[PDB]
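Visitor: For reference, the chains in residue letters:
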Amino acid sequence: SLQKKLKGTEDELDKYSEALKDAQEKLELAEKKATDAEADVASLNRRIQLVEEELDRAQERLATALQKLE
Amino acid sequence: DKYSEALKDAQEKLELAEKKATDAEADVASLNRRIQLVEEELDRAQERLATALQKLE
Amino acid sequence: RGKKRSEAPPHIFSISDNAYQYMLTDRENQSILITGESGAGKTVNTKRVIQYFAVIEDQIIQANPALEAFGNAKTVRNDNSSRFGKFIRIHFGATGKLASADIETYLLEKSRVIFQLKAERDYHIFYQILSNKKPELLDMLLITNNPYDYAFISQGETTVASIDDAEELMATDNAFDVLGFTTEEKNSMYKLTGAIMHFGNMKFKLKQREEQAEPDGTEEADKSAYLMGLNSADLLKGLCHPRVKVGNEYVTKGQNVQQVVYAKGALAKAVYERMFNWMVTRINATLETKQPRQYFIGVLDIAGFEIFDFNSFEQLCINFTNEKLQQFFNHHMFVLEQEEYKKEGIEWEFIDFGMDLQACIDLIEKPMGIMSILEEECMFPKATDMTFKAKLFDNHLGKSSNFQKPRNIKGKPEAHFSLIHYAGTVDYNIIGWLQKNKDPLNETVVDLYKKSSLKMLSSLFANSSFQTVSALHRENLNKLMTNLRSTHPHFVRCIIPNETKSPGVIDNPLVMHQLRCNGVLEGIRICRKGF
Amino acid sequence: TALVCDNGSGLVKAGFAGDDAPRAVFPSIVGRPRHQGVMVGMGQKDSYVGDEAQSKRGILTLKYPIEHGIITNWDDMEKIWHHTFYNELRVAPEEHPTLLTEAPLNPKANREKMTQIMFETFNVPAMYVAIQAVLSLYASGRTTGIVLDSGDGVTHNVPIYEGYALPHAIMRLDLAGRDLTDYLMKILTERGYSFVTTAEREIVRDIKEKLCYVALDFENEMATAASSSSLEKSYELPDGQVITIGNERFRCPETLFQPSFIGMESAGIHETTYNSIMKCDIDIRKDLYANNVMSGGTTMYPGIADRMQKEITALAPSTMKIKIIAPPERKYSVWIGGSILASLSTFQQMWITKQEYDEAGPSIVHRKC
Ligand SMILES: Nc1ncnc2c1ncn2[C@@H]1O[C@H](COP(=O)(O)OP(=O)(O)O)[C@@H](O)[C@H]1O
Ligand SMILES: [Mg+2]
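Protein chains in written order, with the entry's author numbering: chain P, 45 to 114; chain O, 58 to 114; chain D, 143 to 198, 217 to 623, 642 to 709; chain A, 6 to 374.
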């Protein structure tokens, strides 16, 4: 009876180990997607801000050029 | 018992990381839509200032 | 049944039967050299000659009506020519009763698919599918039934009143069915043929502040993707970021819009060609045998010598292929006459009649010749058309005694450089050549192709310095000449009387040109200058 | 089909002419055992090379035989040649022309003896060393522009216009890739960790491989990551520990953009490349700004393209378009271009056949390249 009880608990530990390994790999993939997405949004935020500041400068250049042209 | 707690902790941390990924991907998908529109408006402004400066000269 | 060649009235069934006798004696393969194409009025000759040879079976022809549709292509002059080579062999065992005849095509025109000439027209099958007749297959194929919608087709004329497959679609479909095709493969063939069109709708944009290409026009990509089953998103992605291996295969990345527009067309061309060859395999399948067949006498049909207006790369390729066989002929007749005159040995004029052609073979092919220059030029950065001719003039003018320039070709648009072949001085303009031969066989899409319908995986699963049509072409021609190197030749020609199709009466303007082109005049030249 | 084998100190990469991808790439470490042999019968190998050597660093000492584009301790670099030819690519050199690579001007004696060693023992048919940058240019299909390869051993710029290799503005700099790693050692000592030995010194470049992104407005981002804990990142060594890197993450690569940290008194790469721009004619600057191409390694750090664009457009007159070409094919562009160059048929006549070397003496490489 004790051997039968041991073998069932060992099979349960192997099943939980298999589930834990699966969860750990999917955790790692979720973390890798999160760090890549965080880096890409931060990099694109710098680029859109740079383009937006250049648009504000281009509008100022246009406004002074039209005033001098008139 | 330790592996039971570890499996529950691993699934919790998976969902927290996947939620953080989902928020960042959703925001950058909107930001990818906006950046080309602001760049097109910049290209329009750049073409307008160049012809205005040429006409001024 | 005898009378080797000069003991009976002129007749080719005689020489074919003498080839049968050679088979009986030397037990070695024989080759039929049909010059001229269906455009030369030939089709009705070997269709009888093969039955003649079988006399001393009708499944052989049944392939012709279908394989024509993917292989007949209307040209500028002498329209409606099957431009693909189909070597055809009939196997005999040691016995002599026909066991089987297997058919293998050689040197198919792979660049006809895209950048066809504006004046000409594409493969017949494309316009077969075009016509509304049998609209249910079009319903399967999701095509709108309008030739000019798509990029690939719109180059064509699509209005050839002389011959359209409108009636022929029934015959081609019927043969393509009764040749032992399941309905699944039957409509799948349509699926791939349509998709090859359907890429033509693909459209790409130039990315901001960057270089690679984003996909535009999601819906047509998606219709294609469904048509080949595979997902649209991963297909467009594998387009925008192909994978290139390293010592461990990280997902490397890089492309440009120009490269993409080239590459997708390359993929289409390759998939179509390999589709065609697999259909050849299926034609073998419905004709399969299991008898001991080992000794064959093979008939090969090749594109004829081509000289007419406004000839680009395609003509150069085809002419080179056509003349290499004449090189083969000259060497062969020289060998036989060499031993014969040897029995009467006094002195030979000039060994190796093949030198006459080698003088231009070197120019076309030999490293840093002409064909090699295009290979090198596509690789070199910023491919520009004029720089190509500048390099040629630098490298092979005066240095090569067969590379010269024409002058004021009266009404036909200005060619750039000319060569002096035996058959006829050729004139070409090299516009679009750099585009024509560039074709990068993208891998990632190829590997992506495995998870779809049975055909495409079946076609492309079976099988690098950026293969470009030139290199593949040279290699395949070497394969063909090797197969003829391992055989013996004999020669059957065809003559066209006239365009008015008046039988019994000559019309000199045409026949002189074909006789000069075919090289029979060159053989007469060989005899005339010699013993 | 000749061959192409990169020389660069970091990763000796081997492949075949024409092929778009190096057949085998491996770190250039050379290893020797640093302890006595204890279990008799091991049949110990007396030296180790490449990823085999990297496998068991535990009892190994690491010599890089290639520093600052100079090939030192030639015995082991010859060992690397030998291992490459036979084990990785697996063909005897006797039947393959070979091409190598070399930084702009390293010394005079280097090529003049390296051709000899690789041309007399390996008995190769023919060889031709090609300066890095012009090869990098070919690789991207742009025959006009400035190259900044910064292969791990050395960083340098060339101006190349309309396919002319304009020499005098070649602006070499020894701000190598490895020295970013070495400085990161000193900056990581502060957070309390320690990486004294050589094996850990190899590990740290790996830990550098992922966790070093260069950020605009260095002052503001620095104070930002100082005030907030937002980017506090984690990573693990093959030991069991987990290490937490703070602002060192983006203080690593900025040694490139200013060398005051490492100490060397030679301006950062952006100012050098702008300098080499301004040391040419007043008509070549029209295009040069437009075709700026990164290359080599050590520029796979994210952002560095953008930071570079900002610095240059600030320096150059704000009337030019500085759109820089940074394909993600980097870290290999050297080798791709090399293969393409080996594929050029007209190029066949250039390189040196054995006859010329035998009848002319060693200097033939310099005289004819
Ligand atoms: N993930 C990474 N991110 C940034 N740089 C890296 C990464 N992995 C390796 N490197 C750098 O690339 C360098 C290799 O460049 P180098 O050897 O100069 O060019 P090559 O390998 O072509 O000779 C290595 O020294 C390393 O510092
Ligand atoms: Mg390296």
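These aren't lab readings, by the way, just hints derived from the structure by calculation.
Beta carbons are placed, not taken as given, at the ideal position from N, Cα and C, and that holds for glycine.
The reader is advised that the hints may include incorrect statements.
[To be verified] Only pairs whose alpha carbons sit at most 27 Å apart, straight line, appear in this in silico DSS-like list of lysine-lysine:
(1) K365(D) to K326(A)
(2) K112(O) to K77(P)
(3) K76(O) to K112(P)
(4) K65(O) to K238(A)
(5) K65(P) to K215(A)
(6) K59(O) to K48(P)
(7) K70(O) to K291(A)
(8) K77(P) to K526(D)
(9) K328(A) to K397(D)
(10) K291(A) to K112(O)
(11) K59(P) to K112(O)
(12) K112(O) to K76(P)
(13) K413(D) to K359(A)
(14) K112(O) to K238(A)
(15) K65(P) to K112(O)
(16) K77(O) to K76(P)
(17) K359(A) to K526(D)
(18) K359(A) to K367(D)
(19) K70(O) to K326(A)
(20) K77(O) to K611(D)
(21) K238(A) to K65(P)
(22) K284(A) to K76(P)
(23) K70(O) to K59(P)
(24) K70(P) to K59(O)
(25) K413(D) to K77(P)
(26) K413(D) to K315(A)
(27) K76(O) to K405(D)
(28) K77(P) to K502(D)
(29) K70(P) to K112(O)
[As the list claims (entries may be wrong)] Here chain D is said to cover these stretches of chain A; the calculated rule only asks that three of the stretch's residues, wherever they fall, bring their Cβ under 8 Å from a Cβ of chain D:
(30) 140 to 153
(31) 319 to 332
(32) 343 to 349
[As the list claims (entries may be wrong)] If you want the ones that stay clear, here's a sample from chain D, every Cβ over 12 Å from chain A, calculated:
(33) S156
(34) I220
(35) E328
(36) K405
(37) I478
(38) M528
(39) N661
Visitor: Each hint: holds or not?
Guide: Here is how each hint holds up against the structure:
1. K365(D) to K326(A): holds, 20 Å
2. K112(O) to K77(P): With Cα atoms ~51 Å apart, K112(O) and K77(P) exceed 27 Å; violated.
3. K76(O) to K112(P): violated, 54 Å
4. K65(O) to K238(A): holds, 23 Å
5. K65(P) to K215(A): holds, 24 Å
6. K59(O) to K48(P): This hinted pair holds, its Cα atoms lying about 22 Å apart.
7. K70(O) to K291(A): violated, 54 Å
8. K77(P) to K526(D): Violated, at about 53 Å.
9. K328(A) to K397(D): Answer holds: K328(A) to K397(D) is near 24 Å, not above 27 Å.
10. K291(A) to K112(O): holds, 23 Å
11. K59(P) to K112(O): Distance ~78 Å between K59(P) and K112(O) Cα, so the pair is violated.
12. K112(O) to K76(P): violated, 53 Å
13. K413(D) to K359(A): violated, 39 Å
14. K112(O) to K238(A): violated, 54 Å
15. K65(P) to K112(O): violated, 70 Å
16. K77(O) to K76(P): holds, 11 Å
17. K359(A) to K526(D): holds, 24 Å
18. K359(A) to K367(D): Distance ~49 Å between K359(A) and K367(D) Cα, so the pair is violated.
19. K70(O) to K326(A): Not satisfied, since the Cα-Cα distance of roughly 46 Å exceeds 27 Å.
20. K77(O) to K611(D): Violated, because 32 Å separates the two Cα atoms, which is more than 27 Å.
21. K238(A) to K65(P): Cα-Cα ~23 Å, so holds.
22. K284(A) to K76(P): Violated, at about 45 Å.
23. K70(O) to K59(P): holds, 20 Å
24. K70(P) to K59(O): holds, 20 Å
25. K413(D) to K77(P): holds, 18 Å
26. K413(D) to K315(A): holds, 24 Å
27. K76(O) to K405(D): violated, 32 Å
28. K77(P) to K502(D): This hinted pair is violated, its Cα atoms lying about 81 Å apart.
29. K70(P) to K112(O): violated, 61 Å
30. 140 to 153: n = 6 at 8 Å, threshold three: holds.
31. 319 to 332: holds (count 3)
32. 343 to 349: Since three or more residues must qualify, the claim that chain D covers the stretch 343 to 349 of chain A holds, with 3 doing so at under 8 Å.
33. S156: Correct as stated: the minimum Cβ-Cβ distance to chain A is 49 Å, above 12 Å.
34. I220: Answer for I220(D): holds, closest chain A Cβ roughly 42 Å.
35. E328: At roughly 43 Å from the nearest Cβ of chain A, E328(D) sits farther out than 12 Å, so the non-interface label holds.
36. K405: With a cut-off of 12 Å, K405(D) comes too close to chain A, as the shortest Cβ separation is near 5 Å.
37. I478: Non-interface label stands for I478(D): nearest chain A Cβ at 23 Å, farther than 12 Å.
38. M528: The assertion about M528(D) is violated, with a minimum of 5 Å to chain A.
39. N661: holds, 25 Å
The structure fails hints 2, 3, 7, 8, 11, 12, 13, 14, 15, 18, 19, 20, 22, 27, 28, 29, 36 and 38 (numbered hints given earlier, in ascending order).
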